[PDB]
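Given chain C, work out where chain A should sit, using these hints.
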Amino acid sequence: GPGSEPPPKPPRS
Amino acid sequence: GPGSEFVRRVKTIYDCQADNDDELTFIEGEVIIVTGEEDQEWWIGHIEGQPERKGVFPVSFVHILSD
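Chains as they are written, first to last, in the entry's author numbering: chain C, 824 to 836; chain A, 1081 to 1147.
Bound conformation, chain C alone:
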């Protein structure tokens, strides 16, 4: 698990 650290996503509805 070396991958990039993307921002939090919005929640789903």
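Just so you know, these hints were derived from the structure itself, not from any lab. One or more of the hints may lead you astray.
To give an idea of the chain A side of the interface with chain C (calculated C-beta under 10 Å), a few residues [to be verified]:
1) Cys-1096
2) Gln-1097
3) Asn-1100
4) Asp-1102
5) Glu-1103
6) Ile-1107
7) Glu-1108
8) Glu-1110
9) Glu-1118
10) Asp-1119
11) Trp-1122
12) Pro-1138
35 Å max Cα-Cα, derived DSBU-like pairs, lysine-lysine [claimed, not checked]:
13) C:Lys-832 to A:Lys-1091
14) A:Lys-1134 to A:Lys-1091
15) C:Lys-832 to A:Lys-1134
Positions of the beta carbon are idealized from the N, C-alpha and C atoms, including for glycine.
Only chain A this time, still in chain C's reference frame:
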């Protein structure tokens, strides 16, 4: 929605792995053809030239691309 705001294509600005089976997985720098709205935070589309790669994605993870 994206249609009403003249969004046809966007480019992804982050990497993204689907967390649900209706979500699009992508890396940064890919072009998406935007084809609908999931809700106020999520659009729907497919990868340009690879239409089998399709699903919902965050509005905040893309930037509008001109024709």
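How the hints compare with the structure:
no.	hint	verdict
1	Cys-1096	holds, 6 Å
2	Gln-1097	holds, 8 Å
3	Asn-1100	holds, 7 Å
4	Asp-1102	holds, 9 Å
5	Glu-1103	holds, 8 Å
6	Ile-1107	holds, 9 Å
7	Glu-1108	holds, 8 Å
8	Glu-1110	violated, 14 Å
9	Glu-1118	holds, 8 Å
10	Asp-1119	holds, 5 Å
11	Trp-1122	holds, 7 Å
12	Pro-1138	holds, 5 Å
13	C:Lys-832 to A:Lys-1091	holds, 17 Å
14	A:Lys-1134 to A:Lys-1091	holds, 14 Å
15	C:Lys-832 to A:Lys-1134	holds, 18 Å
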